[PDB]
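Undergrad: If you want the building blocks of each chain, they are given just below.
4 protein chains.
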Amino acid sequence: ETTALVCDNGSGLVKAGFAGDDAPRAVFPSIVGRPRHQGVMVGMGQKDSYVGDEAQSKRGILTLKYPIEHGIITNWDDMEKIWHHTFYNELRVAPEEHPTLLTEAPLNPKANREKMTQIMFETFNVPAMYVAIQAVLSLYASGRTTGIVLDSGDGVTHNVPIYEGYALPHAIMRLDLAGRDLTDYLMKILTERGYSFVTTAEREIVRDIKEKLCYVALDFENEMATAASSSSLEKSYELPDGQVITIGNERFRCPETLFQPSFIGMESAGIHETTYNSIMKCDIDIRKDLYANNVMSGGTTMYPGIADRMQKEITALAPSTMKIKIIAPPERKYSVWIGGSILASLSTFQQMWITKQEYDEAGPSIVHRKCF
Amino acid sequence: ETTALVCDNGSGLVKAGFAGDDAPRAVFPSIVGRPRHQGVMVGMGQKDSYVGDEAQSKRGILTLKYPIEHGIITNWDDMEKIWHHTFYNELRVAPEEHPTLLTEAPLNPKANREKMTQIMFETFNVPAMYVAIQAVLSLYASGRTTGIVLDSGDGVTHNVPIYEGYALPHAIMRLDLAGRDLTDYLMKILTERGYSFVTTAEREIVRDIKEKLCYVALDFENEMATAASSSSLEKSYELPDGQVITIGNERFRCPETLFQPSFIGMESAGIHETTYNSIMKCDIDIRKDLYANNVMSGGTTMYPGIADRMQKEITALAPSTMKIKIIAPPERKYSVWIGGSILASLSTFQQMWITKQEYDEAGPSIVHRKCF
Amino acid sequence: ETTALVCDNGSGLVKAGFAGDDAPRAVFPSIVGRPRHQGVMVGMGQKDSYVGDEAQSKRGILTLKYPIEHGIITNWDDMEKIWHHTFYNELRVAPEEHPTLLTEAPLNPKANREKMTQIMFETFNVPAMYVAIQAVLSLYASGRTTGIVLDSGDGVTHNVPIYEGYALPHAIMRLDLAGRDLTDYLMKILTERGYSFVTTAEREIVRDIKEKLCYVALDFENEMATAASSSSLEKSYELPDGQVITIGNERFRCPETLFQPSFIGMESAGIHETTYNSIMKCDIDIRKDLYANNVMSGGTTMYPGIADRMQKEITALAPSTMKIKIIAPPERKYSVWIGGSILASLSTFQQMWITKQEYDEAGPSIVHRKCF
Amino acid sequence: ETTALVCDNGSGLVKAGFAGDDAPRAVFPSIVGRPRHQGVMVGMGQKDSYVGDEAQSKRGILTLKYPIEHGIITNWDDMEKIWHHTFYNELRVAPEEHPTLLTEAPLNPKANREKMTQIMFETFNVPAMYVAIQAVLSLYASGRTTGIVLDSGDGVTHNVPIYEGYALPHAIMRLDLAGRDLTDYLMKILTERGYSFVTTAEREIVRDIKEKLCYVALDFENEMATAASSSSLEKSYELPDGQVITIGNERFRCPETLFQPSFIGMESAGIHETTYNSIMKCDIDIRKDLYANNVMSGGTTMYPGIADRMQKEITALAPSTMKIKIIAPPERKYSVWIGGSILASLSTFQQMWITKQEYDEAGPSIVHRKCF
Ligand SMILES: Nc1ncnc2c1ncn2[C@@H]1O[C@H](COP(=O)(O)OP(=O)(O)O)[C@@H](O)[C@H]1O
Ligand SMILES: Nc1ncnc2c1ncn2[C@@H]1O[C@H](COP(=O)(O)OP(=O)(O)O)[C@@H](O)[C@H]1O
Ligand SMILES: Nc1ncnc2c1ncn2[C@@H]1O[C@H](COP(=O)(O)OP(=O)(O)O)[C@@H](O)[C@H]1O
Ligand SMILES: Nc1ncnc2c1ncn2[C@@H]1O[C@H](COP(=O)(O)OP(=O)(O)O)[C@@H](O)[C@H]1O
Ligand SMILES: [Mg+2]
Ligand SMILES: [Mg+2]
Ligand SMILES: [Mg+2]
Ligand SMILES: [Mg+2]
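Chains as they are written, first to last, in the entry's author numbering: chain B, 4 to 375; chain A, 4 to 375; chain C, 4 to 375; chain D, 4 to 375.
For the record, the hints were derived by calculation from the structure and aren't laboratory data. Please note that a few of the clues may not be correct.
Copies of one chain are not kept apart here, so a pair can be met inside one copy or by any two copies together.
As the list claims (entries may be wrong) - Computed list of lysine-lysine pairs in DSSO-like fashion (alpha-carbon distance at most 30 Å, straight line):
id: 1; residue 1: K284; residue 2: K50
id: 2; residue 1: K84; residue 2: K238
id: 3; residue 1: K113; residue 2: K191
id: 4; residue 1: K61; residue 2: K191
id: 5; residue 1: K315; residue 2: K326
id: 6; residue 1: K291; residue 2: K118
id: 7; residue 1: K191; residue 2: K68
id: 8; residue 1: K328; residue 2: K50
id: 9; residue 1: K68; residue 2: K359
id: 10; residue 1: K113; residue 2: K315
id: 11; residue 1: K315; residue 2: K61
id: 12; residue 1: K284; residue 2: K61
id: 13; residue 1: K291; residue 2: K238
id: 14; residue 1: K315; residue 2: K328
id: 15; residue 1: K113; residue 2: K238
Okay, chain B solo, but in the shape it has when bound:
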């Protein structure tokens, strides 16, 4: 075998590439868009469905939608369409040759992982596959074997405590507040400035406002008082039509929802308390090593100042006699893919694949008894 495929199917992006590389070749949005207008011109290649960067370019005339909602694939007719675009049109490989490392989030529905396995052996007919867990692979990329992993992407936020090779699956927290629920809260609080964004085409604009103007305030109630003297805080953003918006305290009110989830009306705790409550469910001996290894990964951890508020606010929860260290890489947007590239290239791993022969005598239920 030449090499293996590492296809991180996130809720918002599809990271894909080959095992043993340092960056994914394929990074494109996980969108399938259908046209919603008339279609008067004849010829000129009017397809019925646009996937990824085509749907992101032609988005003004498309009804964009995501097949993956909060980590759960809900639109298997359209998720097969993204995988077909990934392997053939974006990596340009034959899936019948390469084994495919897939990822998903922990505490997930069991029918999700089975239906992935049924598609990869029947529709694509791969030789082998394996469904890993995203917070495990975030810890291969940091090279460490001990640490609680705050992985937060577009669909779901989850803590997985891992001591020296051994996960503690009774302490895995999962929180369905992620980047896509911050986009929906940012559309709600940009309305009070008088900027109505309604369609899914502007949902991809408010996301782009968030990725380059929103930061995390270290103290929320002081920055709110600083925003009353509204001079040194308002930045401008140029919309694709040409209009400019002046966004003020909404620069820090939407990432505060990570830390105060009651803004979007959730009876749950922030990402700083579901990390502390996930350590206080672990054994008392390993709590010293989990405080000193707080690996953050995923795109929702990419805000400015989020590693300096996690460290500021777990410290107020932890006992003061020991140190807290949030590990913030510069590549943690891709670290679920990086660790999958490491794990799929190991020599010890190559007996852990679910092969096609092993699939035929057990069906899709083989994936529970061999992965996790």
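Since the structure of chain B is provided, determine the placement of chains A, C and D with the ligands on it from the hints.
TA: Chains A, C and D with the ligands alone, transformed into the frame defined by chain B:
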């Protein structure tokens, strides 16, 4: 204090009156018209601006325009002109004596509510005021404390779920499809019969066609097939010049845009799905009480058959094991004013006013921290 | 004196009534809920705190929380609120007249029993009180004087061996696995069917699923193989919104955690081995009489088939030459209250109260030297 | 022959080294831990069993257990695992060259000493071995030939009276109260402060609390009255997670169980009365020399104040006309190993080994007729 003013400034009508009454004294259109022709005759009281029923009478020589567009006041020089006509020329009161209850739509720009507050204390110098929310006051008029309120007037349609005294502001939907966008769609589909209505003076005629000939079809695709045998469906309307029009399937194609907003080219859901999606954002315990209380209010809910298609089509979305009850009063055109008359006459309410003394030490920013 | 109060303050329910009765008058959940939403409606009796059945009815808009966690009262400001609701609003008595029999679990913190005693004499000013032990009072209700008592409620599971009037306090086992940790495990394994229950309001729904669909499998590995042919095992449950769920092998996987506590990640033994290890800490002469008297009590012993797996699996641990008899009443949900009604009505008991005069000259430390 | 091995296999520690040295090279806990969690990471040396200091370091994810319970080896599959770790991984010797001096407690099962002898000649194939008695070797280390030896380690407490070279085996007392039953009583009485320690990983923490905060009160009923004025007695201890505990009268209530064994429910006498009853079973002539030589050894005699309560309370039992002298060394934690180093280096001893040739013609029953 004798009594308080309840001034429902809708996008299309100005309902105004006193607290504790059963009907508003002042109901007139929210139009400010300027003359656009020469003006040859000398004397005879040629004013420069006509407000309300004067502009509705002299509308053939006026450029009519609305200051309130989709709930947002955009023409503060002309909105002060309507309020001056309301208090002095139509209610005939002194605004320096009475406190004034104002209403607006939820999810609105914050500069809208501030600039209302700045005008009422500086230009009119009222003793006190309060800016309520229209879907809240629709629920005082029905006497209930629990229910999702489909309020749809001339400017905006919005659902507000309210459980037992407590609103759920993360589930407030707002949709900018209302009666004024149905008038614009009715002018577009009356063109295909060969009746061109172009100016704003005929915009007030097509609205009058809609208010007495348009109904909601219970099944759209059967009534469209019934319209192919075009005998039992075409009604006639006598225009002010004397001409008659024969309107057929346009009797039900324009209120279908409430339920299929793609007719006017909107990537959004109808009023039956933004009610179901606003209940499915609420907590799972209160969904049983919101299905049984669907309070409709505002003028765009006054079509024949709209309570029998909301109940018909939420039932196809809801699980079948429980009942849906659309509450359709006969007075729901005025129920935002009726509930404001109730709320301004309560004895528990009379400490919730923003007074003139309280305004002077906080400016116009007092209205966010005391109303909503 | 007319009669005495028997207030069984469990972790999940508050059983309360009078001495000498056959059933408690007051049975309501031990919940104090605070509202978490806005509160827009004016008047209509919006309290700040809801206790018991009010918080269980209005639970969709409340942050429900329990003051008693694993038998330990942690929220003395809110535990006084439940007792105030019990005596005044639910029994409708004057606490200044009646003596109050209280219960708690063995091996408990000493500051818990003192702070109960300090409240009942200062805040309520009862004439007398007494803090019993729950597994002792479970044995008055069965009428027996000899037997090991497996008491398992919502907060804690504990074995207390009692030979002929004499407890063996060196063999009292206490295990913090109870009904509330089975609710948390049932929410975790209903996620893999795709039913996310997140807030505390759905925590009261998953508990209601458990109380009427979960049973104890007599052999776990055969019922797991029966669940692979998933036809004769899946029952349905109708949620309050109207949705139905199809629960399969989760009907028996959550009460298996009583017998295999490693499912929720506990290095401890099941309820069948902590009964056998609590008998093998007793003297060798009384082990014959403790095998023949296994009194079960509390609500977590109410599953179908739990008396037939305790008897099946202690028999595999005990030597085969003698018989094991699990005593399963039909009233063992209330038997801690029933035995407290018996003990508070005895004529020999009425010199064992801690009186108000005796409290004033020793402080709250009188309760250790007189109760246990 | 170069030298001989002296392997003191205690119930809690494994002291091992060479004959003729002043301290054992190998001192590590006698624990074999198995992992109990999932094991998600691939590679990185996940063994199946951890012995000694590895299991003491990784103890948060291990089910720790002791193979030696009250002096009796119960887990011969895991006791061979500790000996394999001792000789190869911790002393780094070849057992085929060195003769091995082993120790055990008196009044022990005969199958224990045989199965030690069968392993050392078959599994390890030593040239010679000898199973001594621990209280005999405690008296070589003090250099004396006369004295009753109170040896108390982790598993068992035993008195052995020895007059001038001659033991009195009818007066050997053996008591199964030792350091491991004080750890279990300390976990029971730390619960009443509200510090629940449940797993075996916290059993190794409560032991570490006991080894540096617990002392022996000279008068128990006065220190109990001093603890009522709880200021000058409470010391603090920093747990590995970072939490601090405030331990008060539990500093002296757990070593009082050595002197009042009814605290853990034992119908037996303390270590001061089983020394007096072991002298009053000796002949009346040698009772004068046994009062003046009370050699204490083992780790449970290392508490502060235990030599000053033994001398205080045997004096109340002995007739007052003669003096009592408790011999408390500073090295009595290791004195069973020190005396074994002395005895294995003597020239008179080197004909008392059980050799491999002598083993082959008598089987494992040779050890009764040659050792004791
Ligand atoms: N530079 C950035 N700053 C803040 N947020 C970002 C940034 N880049 C991406 N995001 C957010 O992170 C999400 C994508 O994160 P990612 O971990 O790639 O998602 P997934 O793993 O689900 O594909 C997007 O929703 C986006 O809103
Ligand atoms: N009888 C009617 N039938 C149908 N539509 C009506 C009727 N009366 C008014 N409307 C529509 O409702 C709108 C006015 O409703 P109203 O609730 O008064 O608006 P607002 O609350 O903004 O004043 C107008 O656009 C009109 O087209
Ligand atoms: N019929 C039932 N079947 C199974 N479990 C039950 C049943 N009724 C109650 N439970 C469980 O028992 C607990 C309550 O038991 P109870 O003895 O009332 O506790 P407490 O003594 O703390 O009041 C609840 O957590 C509930 O989950
Ligand atoms: N410094 C100390 N103070 C009090 N107790 C101790 C101390 N050191 C060890 N112990 C107790 O003594 C036991 C170890 O004694 P030791 O003689 O080493 O046992 P063994 O002979 O079985 O190895 C441990 O269980 C510990 O609880
Ligand atoms: Mg991801
Ligand atoms: Mg209105
Ligand atoms: Mg109870
Ligand atoms: Mg020893």
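Undergrad: For every hint, state whether the structure bears it out.
TA: Going down the list of hints, with the structure as the test:
Taking CA atoms no more than 30 Å apart as the test, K284 paired with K50 passes between copies only; the shortest distance there is 25 Å, against 52 Å inside one copy. Taking the shortest alpha-carbon separations for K84 and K238, neither the intra-copy value of 39 Å nor the inter-copy value of 36 Å comes in at or below 30 Å. For the identical chains of this complex, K113 and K191 are inter-copy neighbours only, at 12 Å across copies versus 34 Å inside a copy, given an alpha-carbon limit of 30 Å. Both within a single protomer and between protomers do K61 and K191 lie at most 30 Å apart by alpha-carbon distance, with minima of 25 Å and 28 Å respectively.
In this homomeric assembly, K315 and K326 come within 30 Å of each other (Cα to Cα) only inside a single copy, at 11 Å, whereas the closest approach across copies is 48 Å. In this homomeric assembly, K291 and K118 never come within 30 Å of each other (Cα to Cα): the closest approach is 39 Å inside a single copy and 33 Å across copies. Taking the shortest alpha-carbon separations for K191 and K68, both the intra-copy value of 19 Å and the inter-copy value of 29 Å come in at or below 30 Å. For the identical chains of this complex, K328 and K50 are inter-copy neighbours only, at 29 Å across copies versus 51 Å inside a copy, given an alpha-carbon limit of 30 Å.
With identical chains, the CA atoms of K68 and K359 are never at most 30 Å apart, being 32 Å at best within one copy and 42 Å at best between copies. In this homomeric assembly, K113 and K315 never come within 30 Å of each other (Cα to Cα): the closest approach is 37 Å inside a single copy and 33 Å across copies. Proximity of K315 and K61 under a CA criterion of 30 Å is satisfied inter-copy only: 29 Å between copies versus 43 Å inside one chain copy. Taking the shortest alpha-carbon separations for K284 and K61, only the inter-copy value of 17 Å comes in at or below 30 Å, while the best intra-copy value is 48 Å.
In this assembly of identical chains, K291 and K238 lie within 30 Å of each other by CA distance solely across copies; the values are 22 Å between and 41 Å within a copy. With identical chains, the CA atoms of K315 and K328 are at most 30 Å apart within one copy only, with a shortest distance of 10 Å there and 51 Å across copies. In the homo-oligomer, the alpha carbons of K113 and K238 lie at most 30 Å apart only across protomers (19 Å), although the nearest pairing inside one protomer, at 45 Å, exceeds that limit.
The structure is inconsistent with the numbered hints 2, 6, 9, 10, although it conforms to all the rest.
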